[PDB]
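Before any questions on how it binds or moves, here is one chain, the form solved without this ligand, in structure tokens.
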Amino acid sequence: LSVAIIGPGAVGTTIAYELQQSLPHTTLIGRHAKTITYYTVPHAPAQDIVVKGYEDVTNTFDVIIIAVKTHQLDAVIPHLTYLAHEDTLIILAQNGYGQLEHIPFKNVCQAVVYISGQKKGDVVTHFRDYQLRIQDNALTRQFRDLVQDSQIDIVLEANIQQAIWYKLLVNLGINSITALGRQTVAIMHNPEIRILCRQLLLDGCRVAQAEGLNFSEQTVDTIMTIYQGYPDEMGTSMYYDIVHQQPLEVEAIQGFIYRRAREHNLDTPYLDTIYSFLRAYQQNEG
């Protein structure tokens, strides 16, 4: 079992570093060959990790982990013809729930990613966590055993939908507020912001229910409690994106919840307003 990671961003690089320690043939792939500086934690000693360009790959892989941004997914797909074979397990180490439809392979899996860090130029700094939550099946189970000497934590879920929706909602509240606010978590000091944040999660909660899940006001509480644990100066990925004038992962997150809202013909005023500012940002950035 051979393993490639596509997308030398923060998540992809962490996964590659950690897997490479016990599984040295594990390949990190991007657009161009290069060397990346990686820090397991801020101020730890520098480590080198090699990136291989698509052109440079000569073999196929039994497992492919895709870790680009959600909006970069389509650009990756055509390379899978040269990297994958028919039975290749394709794991999406990506936020939200992406355009899986677009991926022409038997074995595709949206993971839920709990791995934090940042990329700045060719420098990646990991912060905390090494976790991937994936659908239980014989392929993912085989992968979990392969990685048992690493600290990458593969959690196999009987039904991955719930895990996906839960993280959708954790992102929905704080990412939306910090990005549209152009502010760090400090923005949560405003009581009107906290109320909005709560209402936004209830909107998402109502969509989750319509999709089959027993999320409740209590679920909302646990999320608001996760948020209180955040420090004031913490940003979010979507906040960072908006501030550096980059595209957003909106379509796979807020966009995904919005589309499921219209499908079930629901009333989601907070979600709609947040989604429309986000979308309008995308259209201008583009």
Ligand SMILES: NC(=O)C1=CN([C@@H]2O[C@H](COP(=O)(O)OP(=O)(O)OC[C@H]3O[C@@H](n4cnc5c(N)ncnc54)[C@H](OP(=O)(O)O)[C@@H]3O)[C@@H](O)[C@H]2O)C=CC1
Second form
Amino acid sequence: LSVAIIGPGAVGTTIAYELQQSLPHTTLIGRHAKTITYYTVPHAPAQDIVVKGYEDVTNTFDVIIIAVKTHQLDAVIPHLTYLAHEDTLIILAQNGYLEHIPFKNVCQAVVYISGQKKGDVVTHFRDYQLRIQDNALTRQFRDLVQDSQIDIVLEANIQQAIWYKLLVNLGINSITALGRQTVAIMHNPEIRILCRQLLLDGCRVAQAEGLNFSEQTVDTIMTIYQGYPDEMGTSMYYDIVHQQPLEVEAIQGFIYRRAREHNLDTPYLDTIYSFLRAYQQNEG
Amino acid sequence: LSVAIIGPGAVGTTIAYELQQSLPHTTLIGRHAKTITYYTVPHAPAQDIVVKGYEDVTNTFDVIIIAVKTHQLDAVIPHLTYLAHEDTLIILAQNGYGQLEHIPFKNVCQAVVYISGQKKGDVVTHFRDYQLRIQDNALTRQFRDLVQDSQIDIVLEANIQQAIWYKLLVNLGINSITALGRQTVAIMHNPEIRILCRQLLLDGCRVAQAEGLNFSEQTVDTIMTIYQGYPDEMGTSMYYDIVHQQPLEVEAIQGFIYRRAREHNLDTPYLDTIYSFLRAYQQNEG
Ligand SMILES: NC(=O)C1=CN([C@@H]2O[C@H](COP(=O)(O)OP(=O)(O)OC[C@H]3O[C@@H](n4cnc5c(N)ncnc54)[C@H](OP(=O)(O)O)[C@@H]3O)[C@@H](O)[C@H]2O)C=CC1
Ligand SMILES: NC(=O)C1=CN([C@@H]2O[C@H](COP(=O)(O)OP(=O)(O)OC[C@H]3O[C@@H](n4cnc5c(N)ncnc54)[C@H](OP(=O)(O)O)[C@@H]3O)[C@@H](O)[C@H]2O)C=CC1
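Mind sharing the form solved in complex with this ligand? What's above is the form solved without this ligand.
Let us now look at the entire complex, which starts with that chain.
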């Protein structure tokens, strides 16, 4: 069973490194060939991991994990024609919420792996977990990686897990990015009020999509946010302050488009999405 | 009838220059004596404008026009003890609202400012317009008459509340959007932004109504129409302030509207969201 990871970033390098410890043929693919210097944890002995460029990879793979940013998926897609066969299992190790991918077996994963890439140096911080829809192919993949540190959690129905992370992202990523601030911005009472209202907007969309969320869910997420230290950023905050594109369309945009589909009133979500969309269009 | 302007900036210098053309004893006052540069329009020949420092002034004025930013008003107030007599007409030529009561004088009036210009250091460039709108009363009628030979257009309003709130809304929509968006008005080419803009104006309208103003969806439409006339490169003062990492005039504008919304227990989600971010910026910069 052949395995590729596409996207040698924080998440992709972590997955490739750890899978290569038990499955040494596992292949890490980027735009061009290079070598990433990888730390399993901060201050660990450095480890180099080989990246093959698209042009270097001639064969097809049974499993392909895509770990690029959501706004980078469209650029990856055409390469799949040569990297995958009709039955290749394709796993999106990305945030947000597939139909753009012209293959039968495409699965959206929920990523619980924390790390950062600076230049060609990747530092993993904590966690090795992917939550994926439980099916024949993902069970087979789970079995394949059993001697690695990668924790594949199979969900009888992956929608709840996807939407839960969608909501966790929705509140604090929107606020820190639009606010151009670390999570310390939550010390403003008005910002916390906004954050809860924004989560409530997201929650009512999740509900109309058939998910079992509620005000309790919002309380739980606000409680998680209270645990974050002041200096903590979010991925969308880092992207906006470094003038990079945002993952907005697959996160706030997805939630927004579902809100409209259900004719919901979501003023907080709408406001947040309008500004993040405007940023994205300016960056284009 | 003597006139002073406090605040040698875009608005204050425009008013001083034009009033000095017909009322040469009109005095422009700043923190320190200097001579600044004024352009009547861009590329016009420079005009020297004399600025007297507070320490130089040894007389009172019958009319004092305060032309500073909203958050700068508190620092001006103690100087009025030395510049005004009991009956002095004080005109607060300033955006926002809710600050008139801070001025301990009986004759205090807001002016709604329709004068466009920019101050950079000691250089003021006027762009267009020369209008102030002020409540109609005996003292403002006397002031209007005084300045009749100048280019300054004093419009006396039967009820100044309307003009004040109209301007609050005009600021509320495009200044919040450009500032939070960190963009010129070109940001309005995004249809989602125009939808938000209109919803934001509607929140503002609902607050105005609770304050007793006859604003409606027609009012909102007229303001959206005005926005459609702005060229892409145009900024707003709040936009310029936020990109310059300066304090904003938020507390007397979006802040005031927000506090009135809470006072009336209204549901104003767009306004609340906008204010929450502008306030967070202000708390971080301060
Ligand atoms: N802690 C984390 O980092 C977490 C991340 N996630 C999610 O995981 C996903 C990946 O995030 P993350 O690893 O942080 O992102 P990174 O920016 O660290 O990695 C993305 C990688 O993909 C590469 N890439 C970009 N375009 C292409 C392309 N067309 N073909 C091949 N490779 C490409 C980039 O290369 P280049 O350097 O040249 O741009 C970069 O190496 C995101 O959706 C994120 O939201 C979720 C939880 C935590
Ligand atoms: N186009 C425009 O400029 C328009 C402005 N307005 C409104 O008019 C008001 C004035 O704005 P604008 O003229 O642009 O602002 P400016 O910053 O151009 O002018 C403010 C001036 O007041 C001076 N000042 C500040 N504090 C004091 C003090 N304690 N004592 C004496 N002088 C002081 C400042 O000094 P220093 O030079 O040292 O900073 C500056 O010269 C604002 O509320 C604005 O929203 C309304 C419509 C248009």
